[PDB]
Amino acid sequence: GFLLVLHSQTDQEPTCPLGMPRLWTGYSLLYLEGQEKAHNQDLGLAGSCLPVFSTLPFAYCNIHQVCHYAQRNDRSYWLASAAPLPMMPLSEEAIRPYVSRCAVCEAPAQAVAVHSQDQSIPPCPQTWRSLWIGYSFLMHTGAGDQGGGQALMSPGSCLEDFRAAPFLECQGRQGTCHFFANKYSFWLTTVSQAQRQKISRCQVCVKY
Amino acid sequence: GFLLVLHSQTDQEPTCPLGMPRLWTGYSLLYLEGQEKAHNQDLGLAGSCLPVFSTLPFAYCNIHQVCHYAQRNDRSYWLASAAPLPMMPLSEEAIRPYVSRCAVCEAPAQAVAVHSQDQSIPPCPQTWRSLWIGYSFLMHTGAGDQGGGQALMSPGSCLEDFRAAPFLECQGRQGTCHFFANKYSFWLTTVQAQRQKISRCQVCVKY
Amino acid sequence: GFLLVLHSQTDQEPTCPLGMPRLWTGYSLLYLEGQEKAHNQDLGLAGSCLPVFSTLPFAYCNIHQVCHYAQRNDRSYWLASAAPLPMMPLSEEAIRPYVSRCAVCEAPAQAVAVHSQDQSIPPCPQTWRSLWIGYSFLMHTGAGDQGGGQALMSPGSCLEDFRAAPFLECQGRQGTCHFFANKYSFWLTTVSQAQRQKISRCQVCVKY
Amino acid sequence: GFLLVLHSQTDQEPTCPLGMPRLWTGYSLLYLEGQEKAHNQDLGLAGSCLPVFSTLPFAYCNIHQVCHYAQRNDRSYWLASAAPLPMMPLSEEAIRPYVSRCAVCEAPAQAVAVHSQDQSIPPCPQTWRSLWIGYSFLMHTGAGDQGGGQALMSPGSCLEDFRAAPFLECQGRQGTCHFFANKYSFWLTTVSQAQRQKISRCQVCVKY
Amino acid sequence: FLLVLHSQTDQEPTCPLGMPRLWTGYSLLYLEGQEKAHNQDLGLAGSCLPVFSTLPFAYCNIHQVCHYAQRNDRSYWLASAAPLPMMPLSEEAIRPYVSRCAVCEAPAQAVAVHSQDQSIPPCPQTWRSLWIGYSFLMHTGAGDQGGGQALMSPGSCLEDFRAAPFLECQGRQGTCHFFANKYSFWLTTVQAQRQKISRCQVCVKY
Amino acid sequence: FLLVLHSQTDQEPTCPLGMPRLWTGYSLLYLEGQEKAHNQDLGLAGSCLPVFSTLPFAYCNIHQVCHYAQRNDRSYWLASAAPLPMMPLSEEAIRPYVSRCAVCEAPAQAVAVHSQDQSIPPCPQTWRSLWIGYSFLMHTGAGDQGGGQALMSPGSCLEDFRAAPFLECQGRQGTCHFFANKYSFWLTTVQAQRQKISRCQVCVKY
Amino acid sequence: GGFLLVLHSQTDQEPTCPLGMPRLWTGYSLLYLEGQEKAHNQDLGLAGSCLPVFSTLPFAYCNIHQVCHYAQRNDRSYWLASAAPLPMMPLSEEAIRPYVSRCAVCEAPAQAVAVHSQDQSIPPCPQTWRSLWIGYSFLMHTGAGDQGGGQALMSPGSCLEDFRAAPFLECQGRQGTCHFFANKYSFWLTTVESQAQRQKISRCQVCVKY
Amino acid sequence: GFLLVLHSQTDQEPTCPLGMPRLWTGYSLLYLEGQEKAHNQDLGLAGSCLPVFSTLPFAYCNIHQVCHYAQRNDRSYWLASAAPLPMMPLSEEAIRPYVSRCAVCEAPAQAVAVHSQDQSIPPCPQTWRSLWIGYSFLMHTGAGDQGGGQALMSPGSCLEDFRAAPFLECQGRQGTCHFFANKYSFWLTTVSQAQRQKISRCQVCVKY
Amino acid sequence: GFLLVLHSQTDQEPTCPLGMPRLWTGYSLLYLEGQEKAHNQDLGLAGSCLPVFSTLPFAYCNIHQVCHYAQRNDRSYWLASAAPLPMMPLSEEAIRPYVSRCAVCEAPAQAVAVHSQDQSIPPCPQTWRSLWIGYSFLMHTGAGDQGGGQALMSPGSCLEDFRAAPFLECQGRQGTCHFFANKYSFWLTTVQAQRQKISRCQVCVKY
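Chains as they are written, first to last, in PDB author numbering: chain C, 5 to 195, 213 to 229; chain F, 5 to 195, 214 to 229; chain B, 5 to 195, 213 to 229; chain D, 5 to 195, 213 to 229; chain E, 6 to 195, 214 to 229; chain E', 6 to 195, 214 to 229; chain A, 4 to 195, 212 to 229; chain C', 5 to 195, 213 to 229; chain F', 5 to 195, 214 to 229. A prime marks a further copy of an entry chain.
Just so you know, the hints here were simulated from the structure itself, not pulled from any lab data.
Among the hints, erroneous ones may be present.
With a straight-line cut-off of 30 Å between C-alpha atoms, the simulated BS3-like cross-links for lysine-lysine are [said to hold, decoys possible]:
1) C/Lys187 x C/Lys228
2) F/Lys228 x C/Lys228
3) E/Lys187 x C/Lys41
4) A/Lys41 x C'/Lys41
5) A/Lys41 x F'/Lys219
6) C'/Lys41 x E'/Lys41
7) E/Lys41 x B/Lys41
Every beta carbon over 10 Å from chain C', so not counted as near; a handful from chain F, in silico [unchecked claim]:
8) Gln16
9) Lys41
10) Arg76
11) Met91
12) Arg100
13) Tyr102
14) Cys109
15) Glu110
16) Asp165
17) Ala169
Derived contacts from chain A toward chain D, CB cut-off under 10 Å, selection only [unchecked claim]:
18) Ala63
19) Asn66
20) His68
21) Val70
22) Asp78
23) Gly179
24) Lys228
C-beta atoms are modelled at their ideal positions from N, C-alpha and C, and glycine is treated no differently.
Next up, chain C with everything else stripped away, as it sits in the complex:
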C-alpha cells in the first residue's frame, strides 16, 4: 500500500508500471506560492497530482460562491509538456494542452531515487527493480525541514525528460498562465544541448 507518482511531462497520461493499479490521473503541480513551510510540495507526493486543473489550487473547491478563498496568494507552478508556449499569456481554458499529465499508483513498497551527481546513470540497489531513468531535479534546496539532501531521496527528484522550460507560472487572481522567464531552473548540476551534459542523472527504484 504505497503511492508512486508519475509525471509524463506531456499532454498524455502516463501508464503505471506493470502490476501497479492506477488510482487516478491528473495535472502535475510543482509549487504553491507562499504555503506553510509546514507543507511538503514534493513531485513524489500524491498532492502533486491533481484530478482537476485550476488557476486557484488554494481554494478548497472550485466554486467561489461556496468556498471563498481569503489569502493573498495566487501564483502556482506546473510542469510543462513538450509543446512550446507562446509569449502571449493564456487563460485557464487555452493553457490545458501545455500542462503535464500525471498518475498515482499503488506500489508494493516505497520507491526511492538514487543520484550520481555526475553524467552516469547510477545503479538501483542490489535486489531492487528499476522503474525509470532521469535527470536530477531539486527545487527544495533551502535548509528547510525535508529540504536539500532529503528531497533527493524522493521519486520526485527524478524527471524523465530534460527541459529548457520545465514549468509555467499561473497567476490566480487574474486567471492567466504564461511561460517562465528563467531557463534550466532547479536542475541539479554536476560536481546546443551542452546544458543536458551539465546535469546530474538519477534512477527510481522499488523493492519488489
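Given the coordinates of chain C, assemble chains F, B, D, E, E', A, C' and F' onto it according to the supplied hints.
Chains F, B, D, E, E', A, C' and F' only, in chain C's frame:
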C-alpha cells in the same frame, strides 16, 4: 537506516567508508543565524550537507521570483576549505572553491564520537571499527536543548584537519561571503602552537 | 545505556566509578536564571556538566558576532571548589579554579539517590551497588512539576561534600562572577560544623 | 513500582506499609491558590508531600534572590494536625507543629480507594491487600478534568481521621498562616460528633 | 471499562448484576459553553457528580478557596419524576428534583442500538441486554463526537420518557428553575408524544 | 477645582470655611495592582468613597448583578485613631475603624509644601494656609506621577502621625485586618519616631 | 508658577536652588532604570531623576513589597556617585546611602537649557540669559531613539558640575545590593591620570531666561 | 526656535549661517536598517546629526553592560567625506576620518528646499533668504508616510556636493564599516562628470 | 498651504495653473494593493505623484540591499499615458514612457470637483475660478472610510481624457508591468461609444 556525514574541509568530495553506499554530496553548512531553538544545526546531520550552495539557504528554492524570503535573518556559516582567502568579501560565484565539500552515507549502525580532552588519541569502544581521527570541535556550548556534552557524542564534533580559520560568513541580503575576523574558534581546548592546545577525538561505529 | 553525572566539588575532574566509560568532562552548572518551567535544571542531567565554561551559557555558541543572545537574563550558578573566595568580583578568566569540575559516564542502569532525612547513612536497595555517600541537596523545593520529592530521586540531590558556600553566581552581561552572600543554601535539613549535623544524608545507588 | 502517599494528620511522620520502601518524608500540601487547570493537586500524588515547608511553595526554590516569583498567587492550604490552632495568625516558624506530615513509598502496584457513600466501611476488591480505612474527602468536586468521581479513585480521597478543621491557610506575601474559618469542609456526606455520622467511609487497597 | 446509569428519579440506580459500583452522584447533562474538545455525554463518568452544586465550573465548592473567574454560568441536570413549581429555587431546595446516577465497572464496552421507529431494536448476536429506553440526542451538531456517533453511547438511551427531561442552574445566581421548552432532545421517528419517539436498547458483550 | 480631606478618625472632616462640600465617604489609599496609568493619590476624589466595601474593584456592591472577574483582591484604607484587635474582621465590624473623608469645591488648586526636616515649612507668598501635617509618600517608585511629583499633592500631608496609618482588606475573603509593618510610608528627615518625620503644609491661592 | 529645574550635587550634601527659586523637594540622583520602555524618558533634567527616598528597587510603586508586589523582569538601577571612594564588594541598601549623589528640584521662572562647546572652552550663555552653572558635557542617551542624541544635549541634565572617573553606581534590585562600576569615564562627551581625561571632555553651561 | 541641519560631507564641521547659533556638532547618519516605518530618517532632522559616532546607533547608550541591545539589526549608513575609502573594511576607530560631519542650528523660521528637476538652480521664494545650493538627494522614494514628494520639501534633500560614493555601510554586530558597492545611489535624476549633468538641482531657503 | 495635483495622462509633465508655484513633478500612482484601511490612495493627494517610478513603491528606498521589503504585497497600478502598449509584460526600464506624468502645486485655496452625473458640463460655484473639465473617475466605490461620494469631492475624481485602458498593473516581486485585461474601468457612468455613457466633471477653486 542510519546516516553518516563526512566533511572533507577541502574542495574535494570525501569518500564514504568502504562498504557504505553514498546517498548524496554537497557543501558543508555549519550554522544558520537565528533559527527555531529546537531546530538542530549539528555537522553530524544530513541537513549540514547541502547539494547546492547559495548565499541564501533560508529561501526554500534558489529563485527569488518563485520563493520570496520574508524573514529578517540572512547570515550563514560554512566550513572553509584549505584555501587561503583574500580580504575582499566575495559573491555567490567567486566563493564556491572556498567551501568545504561533504558526503552523506548509509551506515550499518549509529556512529558516535569519543573525545580525550587532552592531546592523546582516545580509543574506540571494545568491538567497534574506527572511521577517523580528528580534533574536537564544539560550536554548541550553550545549555540549550541538545547542547554541550551531548553535542560531543556526534560525529560532527570530530573534524580531521585543524585550521586557524575553520569557517566563513555569508550575508544573504548582500549576496556576499568573506573570511572570519576571529581565529581558532569553536575548537575544544585541553584540560602548530595551537594544534597542541586542542582536544583529540575519534569516530567509531559498531559494524 | 544511561547517563550518570559526577560533581567533584573541586577543581579536579572526577573519575567514573565501577569501570563505567567516561563520555566527557566539564564544569558544574547548577542553575540558569529565568528558564522556562519546561526545562529541567537537575545536577543529575548531562546538561549540568558543560565542556566549556562561560559567564553566558544562554548563548548557543561563545562567539557573540556569530550567536547573538537576545534576552534580559544573565545570572548563572556554578558549584564551588573548596578554595576560599576573595571579596572582589572576578571575570571569566580568574574564576576558573573556583568552579567545580564534573564528568558524565555511561551507566549500565539508572542511578537513584536514597535519603535518610536524619544523620544516618541510608542503605542502598537490596541488590544494588553503592556509588557514593553525601549530603542531601534540594534546590527545587517548589511545587512545580519535577520538584520536591521527585527531585530527591535524582543523583543530583546527593553532593559528597558539605559546604558553607556550595555555589557561586555569574553576572553575564557584566562578565563577572563572585561568591554568594547567603550561606548553607539548599541543603536539606533533618526532621561551625554544628550545621553539618542538621543535614540529612543520602547515598547514590545503581543496579549492576 | 508505583507511588503511594500517606498523610498522618499529625506532627509525626507516618510509617509506610510493611514491605514498602520509604522514599521520603514531608509536609501535607492540599492546594495551591489558582494553579493552571492542567495541574492536578490530589493528596494521592507525590506533589502533595513536600520535603521542605514554606509559605511560598510556588517559587522554584526558597531563596528569593535566586528564584524570583512573578505571579500574584500567594495562598496555599495544608492538612492540619490534631493540636488546636489559636485564633491569632502565625509565621512560617511557629506554624510547623500544626501542619500534617506525610510519606511517599514504593508500592508493588497501583493503590486505589473504594467508597461506600454510607456509614459502612466498603470492602477491598477480591484479592487485594488492605492498607487503611478512613473518611471520604473530596476537594475536587467541579466538573474539571480528573475531578469529582475520578478523584474518589485516588488514595488521596481517603483520610484516616475525621476533623472539624481539616486544614489551614497560608498567605504567602505575608509569611503567615491561620486556622480556617469554615468547618467540616470537603468531607463527602452520605446519601457533638453527629457530624462524623454524616460522612462517607472508604478503604485504601493495593494488589500484592 | 465504565458504565453509567441515570435513574431519572431521586433514588440511586442499582448496577446491573455482576458489576461493581464505583460511586454515586447527580446527573449532569451539560455545562454552558465549554471548549469544543470537551465531551458532555451522559455515558461518561463526568456526567455523574458525587456532589451537586449550582456552580460545577468551580474546582471546589468553597469560593473563598477556589475562585471561579470565567463568565460561564448555566448548567443542566436531568430531572426526577417530580412536579416542578414556578419559583426559581436555590441549591438546597433543588436537590430532590435532580436525577441520581451510578458508575459501574463493566467487563466490556457497552453500546446503545436505536431503531428510529416505535419498535424495540434487538441487541447484537451474542450480547447481553441491560435496558430499554427512548432515544435521547442532545449533541446533534456536526461537532467532534457529535450526531450519530453520540447515538452509540449508552448515554443516548434514557429509560423514562418525560415532557421536562432536565432543568437549568444559574451559577452566579445560586438558582435553578424548570425549563421553558418541552420534549427537548428526544430523537423523533422517521401521551401521543411518546409515540413519536425512537426506541433504543443498551447492550454489552459479556 | 477639587480638595480632599482625610480626617483619620470616624468623624467626617469639615471643609475649610468658604468651600462647598460635594460629598463624604471613606478614605481609600490603594487598590492592589492597577494598570500603571491609574493614579491612587489621597488628593484625588477617587480616594474618597461614599460606600465602604471590602471589594472596591467591583462596579457595584451586589455580585449577582456586577460580577468581578480579575484576580486582584487587596485594598488599603486609612485607619482612624482606634486600637485594632488581632482578629481579622468583616465588612460590618471594620467600618468604625476606617478613616472618613470629604471632597470640596476649592476656588483654586491647592498644593502641599514640605520641609524634609522637623520645621513647619512656610506657605508661598500670598497663599492661604489650610493645614499642617506630616509628610506621607506612598508612591516612591519612579513611575508616572511618582516620587517628588506626588509630594506636590495635598494627599502627601496627613494631619495626624500614626504608627499604624492604614489597614488591609482581602476581597474574596470579605475580611480586613491591622497591618503588620509599622511607620510605613511616612517621609523621614534628611514617640521618638514623630521626630524623624518631615513636616508639611497645604496651601491655596485665594 | 511655571517650570522645573533639577540640580545634582554629585555629593552627599543637598544642593541649594539658585536665584531665589523656591525649593520644591530634595532627594537622590537616579540616572537610569534598566530596560525601561522607550516611551519613558530618563534625563537627569526631569523631576523623576530626583527621588525623595532611595531604594535598590525603584520599579516598585511603594517600598513595602507585601503591599506593592513588583512582578516584571527589570532589576538594575544607576545612581549618580558622590565624591567618596567605594569599596570592592557589593553593599546593601543601608551602607550605600552615603555614596549616592543628592539633588533638588526647584520652580524656575522659565525653562533652563544647556549649551555645549564641544571643546575645552566654556561656551557662552545666549544673549539675555543668566548663567546657573558650569560643567562637563555628559551624554548617556546617544542612540538614535526618540528624543536622544543631540536632543538630550539641550537638557540641563547633560551638564554635570564635576568630572568623575566613576560618575555613577549600579543597584541590583532582587539582590538588594549596590556596587562600584567596573568601567571608567562612562558617558562623558569628548572633544572634536584623571587630569588627562578631563582635558578630552567637552564643556557646557546651563542657562535660564529670568 | 526652528532647527536647521547642515552636512559638510567632509571631515570638517560646518559653520552655521551668520546669525544662527550652533546647538551641537556631530556625524551625518542617513539610515538605520529595519527601523519602524513610524520613524522618519530625514537628513533634515536633528536625529541625523549624532554627537557620538558608533557602529551601533540602535543602542540607547554605548556601554553594552548598562543598555543591552536586543534586536537583530546592525546595519547603519552614514554620508561620506571626500576622502577615498580603501577596499579593505575598517573598524570603529579607523573609519572616523571617512565620515561626514554635521551641525544643528537655531533658525528664525522653518527652512525648506526647492527643486528644479532639471539642470537649473531653482530660485528661492519671493522674500526668502537663500542658504545653500545643491544636488537633489531623495532616498525615501517609497509611497510611505512622509516619503516621495513630501521628502523633497526638507533641507535634507539638498546636498552641496555631488558624489560617486555618497555614503558607507556599517555592520554593527561586527564593528566594521566599508565603502558602498553601488554608485550614484539616491540622487534624483532629471526629466566623465556626465553623471553630475543628469542630476536635479536644488536650493535651501528660509524666511528671515 | 493647500496642494493641487495634476495628472497629464501623457509622458509630458502638466503645467500648473497660472499663478501656482510648482513643488515637484512625478509619475501618477493610482493604487497600492492591500494597505492599511485608513491610509488613503486618492489621485488628489501628493502621495499619488511620485518623483521616482519603480515597480516596487512599497519599499522605503529603491535599493534592495539597503531597504529590504518584508511584506507579501507587491501590486501597483499607475495611470497609463496615451500610448498603445504591446501584449508583452515589460520591466522597470521599458515601462517608463507608458506611465502618466504629474505635478504638485501650491494652490491659494482648497480645490474641489463638481460632477453632473450626465453628459453636460457641470458649472463651477458662484465666485470660483475654473481649472479643468473632465470625466468622472471613481475608483473608491466601497463604503469604507472616505469612499464613494466623498471621493467625488476630490480633484482626483476628474481626469481630462477619457481612455479605454486608463491604467496599468505592476508586479513588484516580478519587476514587471503589463496592460490591463479589463476595459472602461472606474469611470462613473451616467444616470466614442463610451464617451457618451460617462459623467462629466469640473475642478474649481476659490481664488
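> Is the hint on A/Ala63 kept, meaning its closest Cβ partner in chain D is under 10 Å away?
Replying inline: violated, 13 Å
> Is the interface hint for A/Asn66 satisfied, with its Cβ closer than 10 Å to some Cβ of chain D?
Replying inline: Check failed: Cβ of A/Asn66 comes no nearer than 15 Å to chain D, outside 10 Å.
> Should the hint that A/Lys228 touches chain D count as held when the rule is a Cβ pair under 10 Å?
Replying inline: Since chain D brings no Cβ nearer than about 48 Å to A/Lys228, farther than 10 Å, the hint is violated.
>> Just want to verify: F/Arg76 was marked as not at the interface with chain C'; is every Cβ pair farther apart than 10 Å?
In response: Given a closest Cβ separation of 5 Å, the condition is violated.
>> What's the verdict on F/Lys228 and C/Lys228, does the C-alpha distance respect the 30 Å limit or exceed it?
In response: Cα-Cα ~27 Å, so holds.
> Does the alpha-carbon distance linking E/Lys41 and B/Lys41 stay inside the 30 Å limit?
Replying inline: holds, 27 Å
> Once the shortest beta carbon distance from A/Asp78 to chain D is found, is it less than 10 Å?
Replying inline: holds, 9 Å
> Going by Cβ atoms only, is A/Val70 closer than 10 Å to chain D?
Replying inline: holds, 9 Å
> Holds or violated: are the alpha carbons of E/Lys187 and C/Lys41 at most 30 Å from each other?
Replying inline: With Cα atoms ~52 Å apart, E/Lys187 and C/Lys41 exceed 30 Å; violated.
>> Does F/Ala169 clear chain C' by more than 10 Å, comparing its Cβ with all Cβ atoms of that chain?
In response: Consistent with the label, F/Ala169 stays out of reach of chain C', its closest Cβ about 15 Å off (over 10 Å).
> Given A/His68 as an interface hint, is the shortest Cβ-Cβ distance to chain D below 10 Å?
Replying inline: Holds, about 8 Å.
> Should the label of F/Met91 as a non-interface residue stand, given a Cβ cut-off of 10 Å to chain C'?
Replying inline: Incorrect as stated: the minimum Cβ-Cβ distance to chain C' is 5 Å, not above 10 Å.
Going down the numbered hints, you'll see the structure goes against 1, 3, 5, 10, 11, 18, 19, 24, while the others check out.
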